[PDB]
Amino acid sequence: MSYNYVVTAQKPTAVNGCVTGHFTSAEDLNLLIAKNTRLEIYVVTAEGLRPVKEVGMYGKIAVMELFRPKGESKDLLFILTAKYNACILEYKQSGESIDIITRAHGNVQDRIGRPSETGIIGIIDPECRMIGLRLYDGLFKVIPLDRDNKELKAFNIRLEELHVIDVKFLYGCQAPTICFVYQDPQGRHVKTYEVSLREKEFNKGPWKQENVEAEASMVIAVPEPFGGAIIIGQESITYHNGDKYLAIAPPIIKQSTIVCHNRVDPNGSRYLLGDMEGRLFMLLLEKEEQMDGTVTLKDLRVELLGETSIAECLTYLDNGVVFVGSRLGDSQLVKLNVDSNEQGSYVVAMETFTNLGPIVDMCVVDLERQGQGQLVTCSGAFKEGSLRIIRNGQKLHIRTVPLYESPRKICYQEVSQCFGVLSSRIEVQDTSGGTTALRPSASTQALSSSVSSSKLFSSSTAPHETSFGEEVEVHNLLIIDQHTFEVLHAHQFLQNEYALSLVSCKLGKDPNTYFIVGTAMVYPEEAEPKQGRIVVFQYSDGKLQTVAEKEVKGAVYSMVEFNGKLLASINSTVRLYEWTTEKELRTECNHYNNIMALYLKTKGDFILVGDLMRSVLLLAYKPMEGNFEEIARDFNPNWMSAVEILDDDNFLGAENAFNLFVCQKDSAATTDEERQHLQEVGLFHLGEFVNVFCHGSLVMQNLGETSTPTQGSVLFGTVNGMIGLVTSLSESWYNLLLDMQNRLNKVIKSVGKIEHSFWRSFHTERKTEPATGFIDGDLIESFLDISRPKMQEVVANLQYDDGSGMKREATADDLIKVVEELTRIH
Amino acid sequence: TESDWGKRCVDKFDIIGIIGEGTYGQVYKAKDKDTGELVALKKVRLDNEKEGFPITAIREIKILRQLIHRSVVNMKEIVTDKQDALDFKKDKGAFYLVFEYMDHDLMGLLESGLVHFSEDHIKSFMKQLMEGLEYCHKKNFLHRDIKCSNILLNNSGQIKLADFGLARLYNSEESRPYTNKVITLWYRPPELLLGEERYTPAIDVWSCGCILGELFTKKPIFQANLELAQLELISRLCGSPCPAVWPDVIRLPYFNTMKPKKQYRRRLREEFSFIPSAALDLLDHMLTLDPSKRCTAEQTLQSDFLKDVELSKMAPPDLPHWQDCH
Amino acid sequence: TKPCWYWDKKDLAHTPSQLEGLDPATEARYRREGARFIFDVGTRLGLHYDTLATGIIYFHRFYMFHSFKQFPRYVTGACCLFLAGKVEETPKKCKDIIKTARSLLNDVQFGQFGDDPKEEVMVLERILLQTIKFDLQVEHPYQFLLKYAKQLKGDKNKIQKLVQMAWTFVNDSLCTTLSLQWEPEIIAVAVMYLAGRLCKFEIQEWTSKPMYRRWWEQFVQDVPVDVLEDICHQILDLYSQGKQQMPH
Ligand SMILES: COc1ccccc1CCNC(=O)CNc1nc(NCc2ccc(-c3ccccn3)cc2)c2ncn(C(C)C)c2n1
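Residue numbers (the authors' numbering), protein chains in the order written: chain D, 1 to 393, 708 to 1140; chain E, 715 to 1040; chain F, 20 to 267.
Heads up, some of the hints might be wrong.
Taking CB as the label site, the calculated pair distances span [said to hold, decoys possible]:
no. : chain 1 : residue 1 : chain 2 : residue 2 : range
1   : E       : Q937      : D       : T798      : 44 to 52 angstroms
2   : E       : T971      : D       : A175      : 44 to 52 angstroms
3   : E       : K1027     : D       : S340      : 54 to 62 angstroms
4   : D       : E840      : E       : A1029     : 49 to 57 angstroms
5   : E       : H1035     : D       : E368      : 39 to 47 angstroms
No farther apart than 35 angstroms at their CA atoms in a straight line, the calculated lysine-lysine pairs in the DSBU-like style are these [unchecked claim]:
no. : chain 1 : residue 1 : chain 2 : residue 2
6   : D       : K200      : E       : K721
7   : E       : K721      : F       : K152
8   : D       : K1067     : D       : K92
Hints in this document: simulated from the structure, not taken from any laboratory. Backbone N, C-alpha and C fix where the C-beta goes; we use that ideal spot for every residue, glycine too.
Can you make the complete structure from the sequences, with help from the hints?
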């Protein structure tokens, strides 16, 4: 068996959802911000936000909504996790003591159902009579909000429309009514139903179905003064309400897809809209009052306000202040002004909250020769693209290098006192027949620049037609100085050439240090690329020189230096190249039992291959023969997102289901089959998507640091900005810490009353197993924050073993010291 | 000639790797040196010398040289390790069952979650599987181990049945006692959970229905670790075993012994309301508690869901692409 | 695709056993002993008639590719029965076959099994499988005797006498090389023909074509009477030489 320990070094920073309301007091205006597994509660002031409380939940927050049922003084909070844990929460404060009450809870998972394409949707009735959940295709789940439903028991209503895009409860209806957009072979439609809690079924809805835009994406429920709904698409915005129908199709929105909406005026007069290029719009409902005294909707208007960060959630707070919740870039507070500034913008940034964004790749480098190590991360996407330099000093110090294009891979080249970074920017087919960039970015603002003139694929004779307005990716290699972080050079790869892999190393007997990039020719027609290049660059005297190129018949997904040779994965093949005295790459040996060799890692003459579906394989280079040999395969099926080698026997992997596992050589030489079998000895639901595993540590090493119980250091980056650390433990220390977890879980009160053991259970849609071989260090590190009565309760009847003390009792002061040492690994 | 098996050597194949672990010996992927065709060589080890050549292999060598169908896997030949020269007693070399190499298996395509099945694709998957099963059932053979890992798939969309290790002949006239609890618990029929030991070909049908549902839900329908627990889950959806629905349930050994918590009513149509009507009927008939009332393979093929499916329009499933990895 | 398991009578002059100096009478004596050994061992173990026959067919085929003087007849027989049990799903443990073989064989005969009987047998399984070219499925005259008899309608007691007498002729033919000369379908007809001539029955009337004097044809196409007579002659010769006489 294997024993390992996982801790968070940086909590998730990306904003997954944000709501406003009156949650902490019936008087205050709150802002609840949801980051993965994290809930942040703020109070709105005239300058900004006053933090009041933050809690963690044992689950990914999928639904977050505030509501106030009749009889309550203040809003209650509904949360549903991605594993379908539902709960209703209440804020309670006793002087200085703040706690979160679990008023109702339960797990709403169905034994049989198909998870929907557009994900979990949760909505609440305007009269707070019920919670609507869209969890499975063809089903609508209703949790009725009666006082007695403390277990959140629910029933399903059969839904004929199998493919639902979005649904909202409507305002101004005689019965609870849902309005939704759905898709069938004839296009997309908008339709309504009434929900009867008494009959537990749908009844005919208030207004007829209407055919809507093919890419109708969001349903805005309009308030009582107007009633009805608004449907947002790619080209048009429409208003529907019985006999009333409006449609505005302003050309400005066609340019970028709109992803978020909010209400600025409680009466529905004004809504806020945002798009994937960062633009912020105001949607205006122009009123017309009839002599009847009734109020109708006259027209819709869209007005461009300015630019914000690409925002997952918008929420208007008060006065001119809007909170911009960003998942791809840094989140913001911005103020909307009545008068535009001299550039024509009504939006002026106030504060900028740090979001490590998606961490596509990262490396650890000791820039200042301190023995510490700093983390340079490829963070963000598109306009929010950034390099983030992270050091420890008690908080983490983070520096941001704006790139305004997407960073993909990073590698450090000490000889040249610089970094190599692969990047891609979006250009659009323009009337010249070429393309034009939406904004200047790192690859365009380099000091010196080059473009590849390779004639490898120039024979072509393969037609690829271009339509005006279509997007294209333009990939580049950036040379960036390690002190100034100024773009020194930019190399633009071939048209339709995507850069996938990057290494910096010396090869063979060649004393020069090179940047080597693996690329793939990508055309929309191909399911899998069939052409590629491995390019050898030398950065010298401010210029990048192309030393050699090797053509491959696939995509160079991953490369890694292997004892003076270049190990590259080209689609199904894993290949080892030698670097000749003529400065050309030469094939030596190959491996072909791979579906798609996405990830590669080396230790000694051992190689770890990460396949798309068939999990990890431990190849070995056999120098006596000049070829590879299969040491062992993980026969169980897991889709990989990143892999890493822990030691000569243990291997770490990440699943696309937010799961981690550790494979080991079965170390039993009885039968050849046992050695060729890797047994998954560690299982752990991380709750985050691991993109990059990287050996190193951010802790300052003065050589005086007490040797911690933990051995080894792997940092990992995730899509939500969370940075974590994996390390190994001795059998004794694991048993101690594991036994302590079980004691801590009985003592610590979970928000939503979610069992910790369930949360960390390895969970795929088709398999769910208990966690094994992993210590949730974030649980262990919470021992230091629980009250003294609880600490002593935990240590009762705790014994040590496998050491000088075969049986040794623990006291609350002993464990405080142990955990405090465990907090010093990050 | 092509028919003299057991003499050609495994030298003729370049071994590519290991594709799986075997109940009797490990399976390797390989390329034929002469033709370039990709094969999958199963290792058959007689070195144990406990009962000699495994009977499981003997059933795969006996049945698969009889069964010819587009939906049943092909045993191309049997090849051997370099045999010891003129010393059969010292010889402990092993034998290999050469099969066609099928690109993917259903367990891996659904478990990675990368596969997306449309209705028409499911029709083509099921139509082939049932046609294969019908061929086998008509020849009076019972697979007895239908599983998602045993339904191999080529990228073209061709499906082939695969693991004939537990297969045996069925005699309608003579109810000879066979082994028991043959299919894996998740895909096991209710009768074998109650232990009939005189089983009908309808055992394989139950499994295929379980697969039909799993293709729509992307999650196996009846997942349990204990035989009674499986009966409960099946009982909740398909209804509790009771004399009205299963007149002969009282004759089954464990009917009094193994009981569901309640006498649950059948809810299949309700819980599978999202499944198309043509298919939902097929599931109700395939997942029928009484083996005598459970539909046959031919009946499944003469179906509104499957009858008018044309095997010419294979329509490959949405298998992973490079953008899908992205 | 599939191998040819049938030879011409003239070809049996050129088996490995013959060419190593064994005369025709001895090889046929050795075949009867080995087949009867297989039959007697398996009958003591309670084995189905198909299992006994499958072993005997393996045995006969084996000594068309191998010699009798270099490969012992009783070890081979035991090995054949052992494999037959696994093929026909009537399995037996090798130790039990040895036990029974010892019970039935004298000390000289059991000397063939050598110092370690189980080992000599289990080792041979490799050669057997390669020799029979892994063609394990075998059809036997029994199933056709019943399939064809089921289509006869008439006096219940005259047909049941025909069947049993023919069934006995099938059991007897296993001692001969007929299994190597004619498909099982022909054998079943030949034994129906032989029993009919002896019982002075006219099988043509029991058929659906009472007037089709060549009734074998509605069961087995392209079978000349010349074939059926050759088979009858070979079966009847066994009764002539032995003390056993026609059952009737
Ligand atoms: C320990 O247990 C397991 C648990 C889960 C998953 C797998 C196993 C092993 C037993 N699985 C097996 O052995 C799989 N049977 C299988 N798969 C075939 N082609 C599909 C296939 C399956 C697997 C891979 C593959 C490649 C690399 C890595 C992993 N898998 C590739 C193609 C195939 N063609 C012909 N035959 C005949 C010899 C029966 C085949 N048998």
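Hints, verified against the model:
1. Against the hinted window of 44 to 52 angstroms, the Cβ-Cβ separation of E/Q937 and D/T798 comes to about 58 angstroms, which falls outside the hint.
2. Distance hint check: the CB atoms of E/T971 and D/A175 are about 51 angstroms apart, consistent with the given range 44 to 52 angstroms.
3. Roughly 59 angstroms separates the CB atoms of E/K1027 and D/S340, a value that falls within the hinted 54 to 62 angstroms.
4. Judged by the Cβ atoms, the range 49 to 57 angstroms given for D/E840 and E/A1029 is violated: they are separated by roughly 20 angstroms.
5. For E/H1035 and D/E368, the hinted distance range of 39 to 47 angstroms is satisfied, since their beta carbons lie about 44 angstroms from each other.
6. A threshold of 35 angstroms between alpha carbons decides the hint, and for D/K200 with E/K721 the separation of about 70 angstroms lies outside it, so the pair is violated.
7. For the proposed pair E/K721 and F/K152, the alpha carbon gap of about 8 angstroms is at most 35 angstroms, so the pair holds.
8. Between D/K1067 and D/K92 the alpha-carbon distance is near 16 angstroms, which keeps this suggested pair within the 35 angstroms criterion.
Going through the hint list in order, the structure does not satisfy hints 1, 4 and 6.
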